[PDB]
Amino acid sequence: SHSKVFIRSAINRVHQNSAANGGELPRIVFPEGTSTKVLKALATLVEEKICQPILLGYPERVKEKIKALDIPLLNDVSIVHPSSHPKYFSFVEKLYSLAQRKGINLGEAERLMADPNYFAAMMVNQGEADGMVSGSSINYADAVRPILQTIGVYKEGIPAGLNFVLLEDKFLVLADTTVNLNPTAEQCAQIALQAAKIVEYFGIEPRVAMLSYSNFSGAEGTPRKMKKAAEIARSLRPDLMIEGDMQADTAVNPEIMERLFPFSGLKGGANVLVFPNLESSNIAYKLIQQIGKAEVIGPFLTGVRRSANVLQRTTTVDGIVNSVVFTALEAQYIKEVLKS
Amino acid sequence: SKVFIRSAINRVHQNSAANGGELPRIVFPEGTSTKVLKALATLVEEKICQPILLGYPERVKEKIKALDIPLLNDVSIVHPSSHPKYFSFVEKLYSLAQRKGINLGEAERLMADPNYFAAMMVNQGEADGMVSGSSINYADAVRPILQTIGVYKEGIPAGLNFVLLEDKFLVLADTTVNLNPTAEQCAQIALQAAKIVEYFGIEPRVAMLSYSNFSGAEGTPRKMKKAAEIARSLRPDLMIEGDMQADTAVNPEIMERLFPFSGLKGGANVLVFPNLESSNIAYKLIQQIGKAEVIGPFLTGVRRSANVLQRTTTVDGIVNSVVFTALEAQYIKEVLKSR
Amino acid sequence: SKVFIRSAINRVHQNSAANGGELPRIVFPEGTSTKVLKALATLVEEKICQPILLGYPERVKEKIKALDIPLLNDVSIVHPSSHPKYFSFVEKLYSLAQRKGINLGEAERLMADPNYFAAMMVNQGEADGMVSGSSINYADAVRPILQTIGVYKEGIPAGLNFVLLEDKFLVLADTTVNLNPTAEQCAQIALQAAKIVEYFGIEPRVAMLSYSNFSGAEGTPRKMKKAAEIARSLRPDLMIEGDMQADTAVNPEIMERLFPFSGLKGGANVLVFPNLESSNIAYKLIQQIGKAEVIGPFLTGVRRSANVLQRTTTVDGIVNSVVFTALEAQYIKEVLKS
Amino acid sequence: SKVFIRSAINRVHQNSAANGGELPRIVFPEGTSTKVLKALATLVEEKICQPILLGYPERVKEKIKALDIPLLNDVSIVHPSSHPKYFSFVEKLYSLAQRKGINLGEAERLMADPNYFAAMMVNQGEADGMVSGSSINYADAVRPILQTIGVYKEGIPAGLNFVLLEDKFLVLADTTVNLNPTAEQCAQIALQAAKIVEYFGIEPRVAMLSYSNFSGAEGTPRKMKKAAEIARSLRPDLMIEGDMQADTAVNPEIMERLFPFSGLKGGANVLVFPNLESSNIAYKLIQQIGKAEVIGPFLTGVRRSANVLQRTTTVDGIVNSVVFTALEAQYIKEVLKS
Amino acid sequence: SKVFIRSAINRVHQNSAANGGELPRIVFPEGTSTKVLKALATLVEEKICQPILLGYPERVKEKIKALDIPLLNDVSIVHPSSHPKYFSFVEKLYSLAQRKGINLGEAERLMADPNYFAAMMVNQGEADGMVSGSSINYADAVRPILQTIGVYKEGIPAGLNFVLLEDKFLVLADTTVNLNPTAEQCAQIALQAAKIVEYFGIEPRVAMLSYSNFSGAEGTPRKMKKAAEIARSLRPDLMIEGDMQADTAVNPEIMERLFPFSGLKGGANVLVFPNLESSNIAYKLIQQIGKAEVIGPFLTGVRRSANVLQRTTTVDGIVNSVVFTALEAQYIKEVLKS
Amino acid sequence: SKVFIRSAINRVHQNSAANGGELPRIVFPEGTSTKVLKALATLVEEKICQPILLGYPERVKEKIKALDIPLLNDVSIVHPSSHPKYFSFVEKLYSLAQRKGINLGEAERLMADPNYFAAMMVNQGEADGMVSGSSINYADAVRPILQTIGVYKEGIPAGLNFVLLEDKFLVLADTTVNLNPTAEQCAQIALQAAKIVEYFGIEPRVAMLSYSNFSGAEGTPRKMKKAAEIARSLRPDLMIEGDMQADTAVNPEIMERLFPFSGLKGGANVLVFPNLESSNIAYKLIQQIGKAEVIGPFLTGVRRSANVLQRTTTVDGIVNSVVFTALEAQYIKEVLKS
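Residue numbers (the authors' numbering), protein chains in the order written: chain D, 437 to 776; chain C, 439 to 777; chain B, 439 to 776; chain A, 439 to 776; chain E, 439 to 776; chain F, 439 to 776.
Only chain D is shown next, with the shape it has when bound in the complex:
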């Protein structure tokens, strides 16, 4: 429901983006070419003109799965078997060149590149595709490792998972929900900056709360970390309301903030929630998703040079469609930045 208004606006922005670009739709690689949930989601995704899907796998292995489920319009969609691809040898040498001083010999560089996750990441890095969506079948750290060492982070960026909580008026952004165990104050500032750019993309004023178990205490440990993170972010972005350390209800509820901490620079409630450690971010978004009545979409991987998202291992068919939509949007956004 609230997804459906939010995702439909996102789907429209993908269409506005393809149009005024000749009608080019982003090429997205799916390493799990035989995944039932990926293929069923792709039925929706070509119907809706979101992307050209490129599936990885043994072609007949893939096609006979499609006809078993008989979802018709994946009729002609691209299928690539990594080690049969003409660029396989060039991909192997590039991964070897990247990793030969990280304990990776030519044979394992060959074995890694035959794995669809590495092949997909190299395809995106080398411009054979605009994005990838992986991790339907494997755990997050394994799915994200090929992405970080092949595609990597942009300058001063930090890889950080991000989730949207979709409310009646507003949405909230939560980060970092998937990658960093215990980010420093500097890293928390960088995660907040990345989260704010995403909020701005939707034409919304980002209002950033650095979360703690404390309200404006600044005591040793995380209160001080989250207080310092707010300060660093404010110096790197003096136009944004950024505040901390504060408790979560203090952060989201504007009447709580005004009544208890009127000196605070964050008014109107936070829509960006930065967490102090992975336990808190990862448990929070999952508890909201399971017991709250709010739809949470994501996680989405911020901080990487090209568009690449890891599906949470628990996702539904609706999740995958949402994730591809935002992978397409990100690929289009990255493709316009790259020219100017």
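Check before you lean on any hint, since a few could be wrong.
Stated by the list, open to error - Sample of chain C residues at the chain E side, in silico, Cβ under 7 Å:
(1) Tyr637
(2) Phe638
(3) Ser653
(4) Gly654
None of these hints come from the bench; they were simulated from the model. We put the beta carbon where it would ideally sit given N, CA and C, even for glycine.
Guided by the hints, dock chains C, B, A, E and F onto chain D, whose structure is given.
The following block gives chains C, B, A, E and F in isolation, referenced to the frame of chain D:
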């Protein structure tokens, strides 16, 4: 929904009768707190407790009259340093604390503070429970409680919150006290939370929460797996499992589909957290977004009934907390008699 | 002896006469303290300060009449939460402390406490100095001072004591604040102690104390040797030496006979200690054992004049402390005029 | 004052008599030390010990003749590597040290050093005690003693000093060995200190010193509070208390007024320190500026009588130390008589 | 020496003839490895094992025909995911690892990897041993072995190498697995090495290596000294000694002359190293610049026979490794039957 | 092998002949060492050095005559405390060490030790080099050298050994001094070793050794990879590479076959080790079992020529070390020639 609260009110009444009809004496240090006084208006209607307010009687009565709350006339009001037992209370605090850096003059100043006086009242049986912390931060409110009442043997002070869903309630712990509990401490927190769930006639099913599903890797995955193992040792009759993610823990479908080897079936109703950031942020986010009622936090592990309100609380929040403080006071008074 | 304190009292009078007969206003948070009130009887005759007592005017007068001390009939008495500036002080403390875990209601309770009200009075110029801590432990008395008045730039809060010998006085530091100062902190403590000694027209000679004589081994010998080196670079005109034992430091014959290469001749009169255990135990043992007067401790490194009495103090100790707090208030009020 | 010292001198005399009139054989590794020789002049009149001087006989005798001390002209003189027991001593040290990085040639060189030969003489019963360290730093003097004589079981090596006041004496420890004793070690130091006090017929009253009064806060307050608890369980008949400040410990009026719950009444006469900086600085400052005699340091916890003089000692101090070393040798020679 | 290897080959034949002529079933995960196939040409004439190659059948067959190795035309070839036991193996691996972050689908991919399938074949008795790692790094080849076969009681996985000199052979351990073994672990490594030496009818004489000779100083000297002590208590019939330098260890004349108290006479033939850098570099340097043949490494401490070749191995190395893998497989079959 | 040393002997003769007819004065602290004296018989025949033996002249002479070494009846013999420069040497050591815990009496006693006297002779130009340590452990022999002669600018003290194979020679470092050098220190060791290889007109090719091949993992793999990077930036003309395994380092085929991206080709001839266990064990193992001549260790990084023999050395070992000590002394006298 309010059904869980109405059942608790009914139990408080069921408890009074079969004890002559006496109601637990609940002392409130913040005698002039607007939210506390508004909550008690509701709570005297329901015959939950005999409230004792602390403060200067005239200052308290003028506040009650300013708010136009007629039902609090004649409610007991006590000024700590004018009470007959003050000096005896000062002497007991001094004896508890004179080797913790507290001289007699400092013991006198502390006992004139309503939070210490209330905690001493509960400790000495002059009251059956206390509710504080509407106006001061949690650490300041809980220090007199821990220094005066203390924890029972093998207990650990740990805040606990109820999440009330349509079918079902969850308990969250530890939401207020321990920064980074060890595996041994998380196990003790689980047992404490499990006993509370049992009190309501529900089978406790305990999950040790992590950002990981059954990895046992270094750090909190290993800690929460070890916590589950220790918990299983001391109570082999309970479903206790970890390390696992929160959606795995509460959703019986995710568990059976992805981790069928797990000893926890049917979804967890006890969620033990690995550190204070995760526990504290979670219940406040659940409370603010999503439409589930969250009650608490309640201080477990302490020798007598004493609960600290979150500073962000509403008036209904306070009413809920007093109802369960009265239940806890009635239960602890049965234990104290058996002993 | 009596010469040093009487010379100090005279220096307060020279400063007062040179400012139109003004006396420094000194706040005493412990307005009902028996030892504070008895000490003030001595000090009101000598016209060293205008005392301001904090408390409920009646219980303070009730106690003055119990102790049957007539020259305090006219002493000013202030109840913090009744004072006209109370709410502005509360707002000021709230503003400085609202991101240090202090809400407005807690700022109100702290400012009603005499110790915080005294520190704010000194900070805000309603008084020139304060003296506290006869009745509470040192950490509790000094916290409002450090949180409200604070340290001057690059300064460090450090307790200092004078040991009064027939010839000479010694200065001991840091006797009260820092558990385990670094080499950098020990040099800064030496610098603060050195300026106090110069104020009395004495040449400072600084020893960085250890359990070792010029070994420079790992742990405190190396720390005190590095502290001496840091201090010498920040003050190349002063004799500063370490690491050395306490008898080596104070006895010039031991130094010359055993360590002739040393840059410290004639015996040290500034003794900087390696940790709080050694400083605090030393001045207290000296004070109790052997007959040297020990005065202090005096809180150095802070922006305005504020000293905390040791809880074990006598009535004469308080008298000595008020005298030197008055001199400090006068000195800081001359610096502020620039 | 000196009443305490001749009381000890007389106790040595009553001890030699009723035993055969023999005097304890005390070896001095520093046979050519000016301060040692001048001190021994005083001590042979008083018939305190047979000194055995170590060194080359000719070198030692010309020093005695240079200083014009006629009364040392038939003191025994021993050259380690010429002594009949040298080779057997080398091999006992070699067998003990051959897995601690010491080959046979190095055992020969160590045993030719007077400090090691003296420790071996005392260990092997060729002498009753030793006194060393007038000329070298304490750690170098005490290493042969600890490696050769060692500690008795559950003992800990700890320096101890007597502070002699008009009415009473104080005992201070650990003044020389342990940098940062644990609570367990501090309790053991207290037990050793208490028995030394009992030898003089005095009731030991033990204070564990800190910069805090009965706070138990983290770090040394908790350590010294725990040390008192361990000590009280190991000797429930003694007043042992802590953590407390030094003036609290020694002054009975301060203790009673501020801390009446304390189990220590009448003032402490045994002061156990939390670290070596505080102990070492304290006894040295008292000795130099306090106006009481300080004797020691004396090495406790070791199987036989062996004491290391402080490098800063006077001739007079060396005399005091030898007297109590003689008493200790006599006491240990009665215990060995099992 | 090829003299030593030929004795091993004959011992395999004696073991086979004494078990009905059965030869050990040895799995090779690297079924297409050129060096492995070339080695197997040699190993099928010596009748050492029945080889089982893992891989897809024509890839393995196409490779055999490419290299034109006629004797491997009928060697068994197994494609893991087509094997009838595959799903049973997955369920067993899943049950072992499902609380180590391995879901069922991941257990499926792992079991399709030949290294895991080979390890599970050995674990479940479908083969008697395995040889892997010609093509992948050591830690990747050994992880499936450690996770699947595991270590026996109180065992520790540790690589062991034979250095074959004219007179004697030396054993080196741990050459591949443990970065920084504790004294407890180093003693276990010695015990494991000693049993292997006994198997060849030789008396093991064990040296715990260090950069120090019988010093026992902090760090590695103390570690190797305690390791010698632990091993001696766990095996009082063996000469075990340390800490010592490598030339001291191997040269009996150096031992006799410089450390005659040592319990090791005749030179050590078991050399235990203090960390992985020293063990790994030593055996590789001996192999390259000495003129002694070095065989191994062989994985000790594990429940069944599984050896990982060093990636740098030659074809002769693999032949040497399979011979001793065959011997170990035959030995482990007698233990399993008794 | 005999070629490399004879070439070294001849280069000594050309440098001396180019320098009048003088040969370096080499002082030997161990004047009665049997192995030192037997080696000196060989070396004065070879007209390598002007030897100075330290000790009591009669004790040394009867050792020489007892062993019947006729060519030594005219070698210089010096008793340190009888030498004219003794007291000036004591004063120079006192100045160097008086803030490191060494009093004047300790400086006199240390300077009577031949190891300290020899080091002071080399420092003060009374000799051109020294050779010590045949009879005492390495750390005791090298301490006087480091405390007296010291390290040159940005240098690090590091032991170095030559391994002589038929084709070439390898250099190993640091074999004697640093327990666990940082990445920065390993680079400095590489630079020092590289200069020594250059001195013989050979191209230095440097391997930073690990138990890993180009992994860069945490611990020594990352340390040796970073060390190679630091060394390459300070010396961009040299092949410097790591982290790598030892067989990878020396064998150029293994390198080319398995790691062709590597910048070190033709095999390493400079091997820098990650820790003292690995360097020290490797050179001693090679020396005993590798059937290669190993020369050293030689002390690099020090201002003047001073080498410590390993205690396990042979007579031929000593002869080799003295030859290269002479070459080093001659070379250091051309550098001082600016």
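Hint-by-hint comparison with the structure:
1. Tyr637: This hint is violated: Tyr637 (chain C) lies away from chain E, its Cβ roughly 32 Å from the closest one there, beyond 7 Å.
2. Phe638: Since the shortest Cβ distance to chain E is 31 Å, the answer is violated.
3. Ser653: It holds, given that the least Cβ distance between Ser653 (chain C) and chain E is near 3 Å, below 7 Å.
4. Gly654: At 6 Å from the nearest chain E Cβ, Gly654 (chain C) passes the 7 Å test, so the hint holds.
In the structure shown, a violation is registered for the earlier hints numbered 1, 2, in ascending order.
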